[PDB]
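Engineer: Listed here are the chains, written in short residue letters.
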Amino acid sequence: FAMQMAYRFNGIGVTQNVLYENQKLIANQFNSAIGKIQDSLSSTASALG
Amino acid sequence: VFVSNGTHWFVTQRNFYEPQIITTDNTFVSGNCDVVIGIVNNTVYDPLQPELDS
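Going line by line, the protein sequences match chains V and C. Quick note: the first sequence, position 9, residue 9 per the numbering used here, numbers continuous. So the number in the numbering used here is just where the residue sits in the second sequence, counting from 1, plus 49.
Take these hints with a grain of salt, some might be off.
Claimed, not checked - Derived CB-CB ranges, DEER-like:
1. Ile-88/C x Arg-8/V: 35 to 41 Å
2. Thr-73/C x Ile-34/V: 38 to 44 Å
3. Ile-12/V x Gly-55/C: 31 to 37 Å
Unchecked claim - Covered stretches of chain V, as calculated for chain C (at least 3 residues, CB under 8 Å):
4. 1-12
5. 31-45
Please keep in mind that the hints were generated in silico from the structure rather than gathered at the bench. Just so it is clear, CB atoms sit at the ideal spot from N, CA and C, and this is done for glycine as well.
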């Protein structure tokens, strides 16, 4: 999966060394961001308008 | 991407296999080997190296 994300970055003009030099942070960013999706959908009543 | 059969390391385009010997000119440098999760030890070829002996 990290080797896939190294392409995903290369596809937005970010050279993929910027991925592996940050992988543990990008993991933590995305894990945290998925965390906010629970709260966004669960806590707000209007979320599925 | 990088790949190996198990004895020779190669680089190839990502939608039709064609192994290139890993030269400098297929590749770019970054940082050092401490940060890249799952990096491997190898030799990378320099096309200029024999030309220095010539």
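Engineer: Hint by hint, say whether it matches the structure.
Structural biologist: Hints, verified against the model:
no., hint, verdict
1, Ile-88/C x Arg-8/V: 35 to 41 Å, "19 Å, violated"
2, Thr-73/C x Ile-34/V: 38 to 44 Å, "39 Å, holds"
3, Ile-12/V x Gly-55/C: 31 to 37 Å, "34 Å, holds"
4, 1-12, "holds (count 3)"
5, 31-45, "violated (count 0)"
In summary, the structure is inconsistent with hints 1 and 5 from the numbered list given earlier, while agreeing with the others.
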